[PDB]
Each structure stands twice: as structure tokens, then as C-alpha cells.
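Only one chain comes next, encoded as C-alpha cells, the form deposited in one PDB entry.
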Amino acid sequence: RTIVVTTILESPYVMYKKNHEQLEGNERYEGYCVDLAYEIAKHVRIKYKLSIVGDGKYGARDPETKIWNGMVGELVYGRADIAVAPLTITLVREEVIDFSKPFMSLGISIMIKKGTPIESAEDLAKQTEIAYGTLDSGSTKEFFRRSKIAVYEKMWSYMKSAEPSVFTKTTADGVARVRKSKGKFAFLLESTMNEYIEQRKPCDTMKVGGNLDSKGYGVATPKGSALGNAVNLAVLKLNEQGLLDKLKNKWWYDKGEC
């Protein structure tokens, strides 16, 4: 059979080729995860077709209906065989799907407009002149919320009662708010995205300080999948071959603009 690989339109992981209107199948797409799926399928010896997730979501369980959305849903309800995407390895997800060992590391990070006098979380917490927020619904907001940790507890208090709202509907909106804030807004988001935006014109943003946590993205397969073991080993092999670092350099820095 041709294996179905669910993925997500997130730059630079999966993006449309310029004339994608004119193209067919896997040829429609390019990016880090396009390259990754290609290399994995080579080592696992499978034919495959990329499938863009229909709701544009990674995967969360609705607190009410208990239905999984996004790519996680595609795996659990049997539409996709594997997810190759920047899907974060988390406890609730690992309970319902299997992940490979991480193909990329990351953590919560601070994005500022260049020139903003901020160099760390501690810098943000003590002051109020510069506003800061996060995505309104993800895992970054949860880190601060479910964080029994000093300075981050102070940050959460501020964010939860801030006026108006410092939580953004999308990651992209957060980024735009930093850019248009004249230095009065900072945004917390995945380090990999922060690093990516720092490489986009007009080069007006910067990542500052260390990461506040540590996580990995993994390739996902359903429980009991015949592919699980061949996918895990392929990811380890690619790391040791230097491919994964080569792909990150390619899409972040060789193709960067700053």
C-alpha cells in the first residue's frame, strides 16, 4: 500500500512550491519535513503520499467531547499511517500515539523587536512597561499556568490579568504584534520558530535569553503500528549521519535573509 503521511503547513517544515497550482502529489510541497519524510521513507523502504491535515492543527483533546483534532486525530481515527511534522512530544499525546526519538530539540523562548531592553525572563517579570504574551491556546501558556516556579509564577500573574489581552489567537499574530509594537511587546513561543523569524526580512526581530524549558519534536505513528520500529531507528540513523543538522542549516540559515 501507499502509506499516508499527515503533515502541516508550517514554514519552513512544509510550504507550497511556487507553481504548486501546476504540480501534482508530493511535488506540490517543499521544506524541512518534506525532506525528512523523503529520507525516512528511503530508509524504511516505503512509498508514501503527503497529506496536509484538514483542520491545520497539531493535536489536542477537547475537554468536553474528548475527541482528538489535528494530526493526532488523523492517527487515532485511522486516516493516516504516520505524522511527519514539528509535533511536540508530550505526555498526553504519547498516551495515544507512539513517537520516534526527537528529530529536533526546542524550548519556550522570548522574541523581541531589536532594541528592546530585555535579555531574559527575569527582565520581563520585574517590569511592566513592556507587555508580553503567548499563544492563547497551546502548551506555552500551560507552562506558565501549570508552573509552580518562581519568576514564571510572577509572569503568569501578570499575563492572566493584563489589559487588554496579551494572549494571541495565532502565532503569526504574536509575531506581527512584536514587529508593530515599537518595542513595547515581547512574545513567548517555540525557539525553532523564533529562530526562523529572526532570519526573515526585514530582520527586525531577535531571540533573547536561554530557553525556559526543553522539548523535542518527534515523528508519530499509531500504537501497534508495523512502522513504529523502523521509523524510530531511521530517525536515529539520520541524526548520526548529520542529515538532521544539515536540514536545519539548509532551511533556517542557507535560505535565511539576515
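Numbering follows the first chain given and starts at 1. We call the rigid core the largest set of C-alpha positions that still match within 1.5 Å between the two forms. What changes on going to the form deposited in another entry:
- Shown in the overlay between these two forms, fitted on the rigid core, is a CA shift at residue 88 smaller than 2 Å.
- Once the rigid core is used as the reference frame, the Cα position of residue 132 differs between these two forms by 2 Å or more.
- Residue 70 is not among the residues whose C-alpha shifts by 2 Å or more between these two forms once the rigid core is aligned; its shift stays under 2 Å.
Starting from the form deposited in one PDB entry above, please write out the structure of the form deposited in another entry.
So it's only the chain below, everything else dropped.
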């Protein structure tokens, strides 16, 4: 009866409540995906336990050992029944799991410290004073690894050898690093996150240029699990009801500091 939903600590999707140690279970967290979990659980009528992924990753297949980590592994190895979070819909992932219809829209985007003299991928690629990175074990890193567009080819071979490593264990590490860096570190992340951080004090970061690509997050299920159907039917309803929009404003813009 308690279906476990894997998920990840990422702001403002899921974050501990101010004072969370006061509470227990699902009540410990608050966020966009935390609101999304509840109300899906409300529409497919199910008991659920939010479970934050142990390794704190999204999910990439280890090239050598062939295993899946992050929330994607959770599902694949029968540890989670469902994933509510900012998990990008990807081909390599669709081969091993199910996605609902995307519940949010994003693209890869450049995050800069304010003032940094950069506007575009090409701007980043054609120089070497400003360093740049991405989240490790996510779809952004994979996008650059997989790409055969020349500018991205260049930006990839650079990162792949950059020392120290330009791949971060978390999103907050990139952000912290963009901010500590005095303009010598750009950080490639999803524009959803990017715009979240743009609205956060101390208001010293921003998105520059268009997204390199256009995709979305989906709720995920183990492959062929019978629960995909309902889950997806609930997403499509939340959209038509106007409720994803409501939550998106609530978490990013209404809370907005800059």
C-alpha cells in the first residue's frame, strides 16, 4: 500500500522544512515536487513515502560496471515504485524506465556571476580564462558527452580534462562555485534551476542567452509498471486544471527575492 517515491534534494523541488527535525516522514520536506507527489498520490489514490535517493544523484549508467545510479537505478532495481522530481526525459532512460508526459519544461542554460563577459555557448567555447562545469551523473553532462555539434564537441573535450574537476556532486556546488569564483566559472544547468537561483539573494547570478536545447521533466516508473497509466492521467489533469503553473509560480516567482 505504501508505494515509495524516490526523489532528490534539489531546490525548490524538494528541500527540508525550515526546522524539519521537528517533524517526521513526508512532513520533513517541502517543495514543488513535494506538492506534486502529494496530489498525484491524491489523484491515483495511493499511500506513499517520500524517499530521498541515497547517493543523491539523478541517474547515469556507469560505462564500466554497467549499473544505474541515482533515482533511475532506484526504479530499475525495484527499490522505488515511482520518481517525483526534476528527472529529465531522455532516450537512454526511456529504454530502461517509463516517463509520464513531461510535467515541466526546461533546457540547458548558462549561469554566470553578474558581470561575467559571456553571452553564449560559443563565447564560452572560444576562450579559456573562464572555466565551466555541470552536474555530475545527470543529463546535462551526458548531453555534452553525446553531442556531435562542433561547439559542444569543443566544450566537452575541455571539461572532460579540466583540473580541477568541473563536474560537481550537487547543483548547489556549481552555484557556490559560480559565486565564489569572481566571474571565472560559468555553470551549465537546467534553466528551471537557473531561474530559481536568479531569484535568490544575493542576486549575483543569472541566465545568459537561450537554452542549448528544449526538453522536460517527467514522473518516472519502473518499465511497464501498471502505475504509469494513472500517474500520466493525473499529470495531464493537473496541467489542464492549471495546477502545475500554480505550483511553478508558488515555488519560483512568488517566493522571488531579486
